[PDB]
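Residues per chain are reported as follows:
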Amino acid sequence: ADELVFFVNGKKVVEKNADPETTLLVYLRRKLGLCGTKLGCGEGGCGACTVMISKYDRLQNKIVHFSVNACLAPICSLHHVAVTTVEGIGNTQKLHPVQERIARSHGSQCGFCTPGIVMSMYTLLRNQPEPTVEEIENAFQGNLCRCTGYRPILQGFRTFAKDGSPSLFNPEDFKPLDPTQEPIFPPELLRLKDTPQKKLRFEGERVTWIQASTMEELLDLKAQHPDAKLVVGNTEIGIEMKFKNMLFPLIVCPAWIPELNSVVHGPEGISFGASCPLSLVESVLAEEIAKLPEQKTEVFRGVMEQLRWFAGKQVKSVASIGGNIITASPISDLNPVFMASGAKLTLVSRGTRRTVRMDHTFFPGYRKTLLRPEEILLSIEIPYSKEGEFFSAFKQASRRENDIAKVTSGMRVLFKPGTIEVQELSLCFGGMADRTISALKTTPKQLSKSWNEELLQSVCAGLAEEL
Amino acid sequence: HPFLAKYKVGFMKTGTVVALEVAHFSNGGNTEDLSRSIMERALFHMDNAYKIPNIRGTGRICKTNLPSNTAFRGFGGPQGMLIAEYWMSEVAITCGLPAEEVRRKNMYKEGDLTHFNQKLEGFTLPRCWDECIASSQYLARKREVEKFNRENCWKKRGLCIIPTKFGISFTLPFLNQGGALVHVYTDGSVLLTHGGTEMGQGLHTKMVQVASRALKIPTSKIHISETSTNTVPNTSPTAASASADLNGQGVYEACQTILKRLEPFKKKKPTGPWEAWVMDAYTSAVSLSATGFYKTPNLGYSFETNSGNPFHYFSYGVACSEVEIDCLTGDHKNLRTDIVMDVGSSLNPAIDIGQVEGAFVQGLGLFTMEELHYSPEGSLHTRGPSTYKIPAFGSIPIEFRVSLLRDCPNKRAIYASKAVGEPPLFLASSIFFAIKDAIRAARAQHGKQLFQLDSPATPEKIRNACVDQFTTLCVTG
Amino acid sequence: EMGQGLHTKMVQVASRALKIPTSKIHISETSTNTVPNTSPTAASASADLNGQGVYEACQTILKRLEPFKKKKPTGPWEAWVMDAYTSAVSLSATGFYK
Amino acid sequence: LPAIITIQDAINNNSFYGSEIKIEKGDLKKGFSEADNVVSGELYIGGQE
Amino acid sequence: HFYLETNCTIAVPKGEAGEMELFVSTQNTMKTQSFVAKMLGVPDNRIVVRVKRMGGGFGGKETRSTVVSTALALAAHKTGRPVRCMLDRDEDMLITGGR
Amino acid sequence: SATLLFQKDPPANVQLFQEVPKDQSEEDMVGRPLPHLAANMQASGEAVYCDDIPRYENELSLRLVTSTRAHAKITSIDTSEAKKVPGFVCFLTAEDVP
Amino acid sequence: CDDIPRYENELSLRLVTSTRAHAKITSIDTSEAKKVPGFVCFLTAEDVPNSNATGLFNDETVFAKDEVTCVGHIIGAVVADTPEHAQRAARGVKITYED
Ligand SMILES: Cc1cc2nc3c(=O)[nH]c(=O)nc-3n(C[C@H](O)[C@H](O)[C@H](O)COP(=O)(O)OP(=O)(O)OC[C@H]3O[C@@H](n4cnc5c(N)ncnc54)[C@H](O)[C@@H]3O)c2cc1C
Ligand code: FES
Ligand code: FES
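So the protein lines, in turn, are chains B, R, G, V, S, Y and Z.
Counting with the authors' numbering, you get residues 3 to 166, 191 to 493 for the letters of the first sequence.
Counting with the authors' numbering, you get residues 840 to 1286, 1290 to 1319 for the letters of the second sequence.
In the authors' numbering, each residue's number is its place in the third sequence (first place is 1) plus 1036.
In the authors' numbering, each residue's number is its place in the fourth sequence (first place is 1) plus 691.
In the authors' numbering, each residue's number is its place in the fifth sequence (first place is 1) plus 740.
In the authors' numbering, each residue's number is its place in the sixth sequence (first place is 1) plus 543.
In the authors' numbering, each residue's number is its place in the seventh sequence (first place is 1) plus 592.
Quick caveat, the hints were computed from the structure, so don't treat them as lab data.
Just so you know, even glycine gets a beta-carbon here, dropped at the ideal spot from N, CA and C.
Careful, some of the hints might be misleading.
Some chain Z residues close to chain Y (C-beta under 10 Å, calculated; not the full set) [to be verified]:
#1 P597
#2 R598
#3 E600
#4 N601
#5 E602
#6 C662
Could you put together the complete structure from these sequences and hints?
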């Protein structure tokens, strides 16, 4: 009802008085005394707190592994998962290959970032025991090092890749990797996968957390208590609580609910459940980009481009698509793309269901959407592109304030078929106002016009005036 | 410390500098702290690598309602040196002469005096330069850059090679001192401590390497647990790159003391092992504990007479960096960086290469990313990695080459080593001036010659300087 | 220290050796990582042995302070010490006796 | 209370830590008057965390 | 001896390089350090023994303190946690011997 | 090249240094690339940084209170809300400095 | 020593000693010790990493091995969260002897 049950480095942890405000990082360090995992920023940017989560995915019927930032992970979201920290993979008596290689390659100077980078690399090898050089670099988008200049870490780890004066180190002396010798998935969690999950309640000093098991529970709780703050990955709420001193006395986590985690192919595009992590969106759309003809995947590719330079693996494994949309930051990289493509959102409450194609109206004010306090976002349909329909996404990689004034854009054009004449044109921008906007004075002027120099100069003149 | 400089340089048509006047201002914030010493070090390096016969530098430290600014790896050096390279870049451009030549012909030679009248002995900079020119294939790469630029309107490349001289020792002479304490227990194990602190620079590693040579026993028999005021008192801060120099000598002296005491037992059993000497010393009631101490000799500069040596020696190095800018976004790639660094006979080349790379990458941050913003009323807005962008794995030069200079022993520091921590940082200015070269090429594409590039050269500053039909329209219809 | 007043005696000794008040001298503890290879506190011998140890350590310090003493024979202890420090003279010493 | 924030604020309020520090050698007057070219300018360098 | 403070050790493992610090009621830091080192199989330079003061020794803490110190050292090494033991009078009188 | 999407080419790094003399003992590590002594422990998370040191059971936590103004007089400090927070012990100000 | 504050992760040790002047240790049963709340472990000679040989003339055991040689000879050590729980667990260590 009430007990929080999870595993840490293969050992079962029973927490009888889980406080919803307790992060996994605080729990490991102050409750379990496992101080390998570090505090570097508490914001998700630095990766010094990176640990691995393992769980049984009910929806795919397999054991999955992913990295997260322990500084942002509520323990109350971790019922029936298994955590692995740096202490879990080896020690100085028996170093894991990842540990040995970063040490011997001169990849560790002050050593404070080392556990986090070790866990990012370790997690990559659990998913892909033979990654490319490119996958290895991508594994560290969420890991900062102030000392090494990174070169020795990548070079040492390059030895794991399939596509690889004296020497500073000798790769030949490195112990080889045997993926079979990693720790077992806790059999207890495989036994419990068969039990149906029920609603859980945790009560802290200030905050109550309800882990909802069904859509019915969630919508009931929102109908009777619209104040109930949805928490999914906690990558925005975590910051609001820690740094903006916001307090949400009642939290509901719907991450378990199947309908919020589903991926449905339809005639118009791919519908993702609101609580789908961005890493799932990424892996689904990437398979679609590789399989489908180019003419159908213009919007998909715009999404993927925005997700390329978008936090690291740790954030994307838990950051939900719905979370990004409803946060409604002026500098969301996804909202301009969804707006420009007119993505279809499904909104539900107890006893209502509606659809809106995202447009200027969806965001009426700073950090507001047109959801009613009792509605939640169920799903978003990312559309296939049509014949003669083109999409580009763009963003400023240079940030100066918390949540404003970084340009990011979705741009779409639809051509009258067989022609170069504009049927539709959508130009949407973050970072140019207190919300995602559309350049709705400039684009209507361009309908019918041919795609030429006269259109270029008209749009540029228009944007220079309107923005 | 932020720096504002106002400069005026006088030069010949050959690019030979004949006159230089620089007024520096630093933003010190709300306590003095180290601000004055930092301004001293900027002034000691306003020459960077260049002999200037007629020269005036002033510095003024501003007192402001901001958090007190302090020491940061380089300690006013990189600020002083960036200003130097900035007017030097304009000297070359004004003359219509290759920048590498203009720098080369203005460079000190062996035996030259600096503007503060210290003599440059063991002047390895020319070899660093010549080696870096050859190993970077600079002349051939300049041609490919020019070619890229003719073939590409909206991306441009830049290539620049930058030297550095960095003075080693605290500017306050008495701080150039260090202490060690060593114990040999009766099992032959050695516990060593010194005033230096470990912060990732591998100082303890170096001191164990030193102690192991000095005592002629393996590193495995020597341990450092920590730094403590109750084992070594009155220690200098671990700073000014000097800690291996100062503590190395201290450690070395404490070890010599122990050896002197073991000598009779060595003579009587010259084969019998370390452990037997030690147990024989012990059961003979010989002290197996010693202090060691060192002070850097013969330092002391006067601003009043412009005489006396502030530094024990100088570190030298050179970096060639190449970039590709995106003229439409202000984004850029660091394509390649080649560094040749004189670290004397390295105590530890793995660690010294580590330090060159780390220092360079912090400088890359200073000069291209890493901007702090403050409200008009003086409140810092940039307070975490969401808004303050330090270099990431993806930020570093795609091809990254580092060489430690061969056959350059430095007699006057521990086992002929040189300090390494701070000197490489400024060599990232090579990325900055490569960006500046790229910007010029973009400006000539559409279609004034000494344009402004402040530091850091962020996407904002790069884009805005790439004047075109878009920047013109946005600034005025 | 086991109640026999050994630390009191060694402060007494050092105060005389250094010619400064006992108030300026402190003993905090005994540790294998400050003085190694020590005999037990036993055989009634501890004040004799450590007394000589302390005395020699104090004499080394006096020897280093001499020049600054001769240059300022009146101006106080704190002045000699700061003068030595700012002239980069070691103010740490071991002492030993057999 | 009145705040002094920027370098330029401090300059025109004479708000400094002690006096001007200076190094100079040779003859500036002669140097500039004998040069072929003179170039002046200004440079701002931001700090670093 | 009937030292009014009985034998007592606190052993603190640092979890690096076999480093351990002991806080001990002993007249004999040296042998305490040696017997801990030898039992663990680490060099003497890893082990620090600290004595502020004893509530009496009288010779009874010249060697026999180590039978407590070693046991505690071991427990700290095995658990990776600080461990403490102070003997009750009956234990001390029985274990530590006499004149 | 204006429409190309960001593309990283294969990294290619070179580190050149000097071998030590052939006759230098294998035990003499000066000039040799010995790994940082703590590298293994740093990678294993066993290396102890300040906050990794275990708490004493009686240990307290401190939090600084800072000025939200660049230049101002302090006219009042009210701690009445601080005091209601469970576990609150005290607010230190200038007047507590001994 | 015992006035030093405890770390929050600190454990208590209690020595388990021979009740026979000279005898073989036949068996050791910790079954009752394990039931005492807060029990962590019972240390014996087997848990010594390097050497069980200690004492000034190297003729002493850290922990008895096979035979006990006085009433008070230390056989092992119980580790538990508190000293009360260590005392209790120590009583639940039953030793069988052959004189
Ligand atoms: C280090 C870091 C870097 C980042 N970089 C970027 C970036 O480059 N670009 C970018 O666009 N974003 C970025 N973000 C933001 C990130 O994409 C969002 O924080 C994330 O998508 C929010 O998802 P979440 O599940 O963590 O939401 P939570 O923090 O759990 O919730 C966020 C908000 O959405 C609400 N909510 C969540 N799900 C629903 C639903 N189904 N219905 C109704 N309301 C709901 C919550 O009540 C809350 O108000 C970054 C975040 C971090 C920490
Ligand atoms: S502490 Fe920096 S991301 Fe968690
Ligand atoms: S080694 Fe210091 S932050 Fe990476």
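Against the structure, the hints come out as follows:
1. Taking 10 Å as the C-beta cut-off, the interface hint given for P597 (chain Z) holds, the closest approach to chain Y being about 5 Å.
2. Against a cut-off of 10 Å between C-beta atoms, the interface hint on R598 (chain Z) holds, since the closest Cβ of chain Y lies about 5 Å away.
3. Checking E600 (chain Z) against chain Y by beta carbon gives a least distance of about 5 Å; that is within 10 Å, so the hint holds.
4. Proximity of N601 (chain Z) to chain Y holds as hinted, the smallest CB-CB distance being about 5 Å (cut-off 10 Å).
5. Residue-level restraint check for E602 (chain Z) holds (minimum Cβ-Cβ distance to chain Y is 8 Å; threshold 10 Å).
6. Checking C662 (chain Z) against chain Y: minimum C-beta separation of about 37 Å lies over 10 Å; hint violated.
Against the hints set out earlier in the document, a violation occurs for number 6 only.
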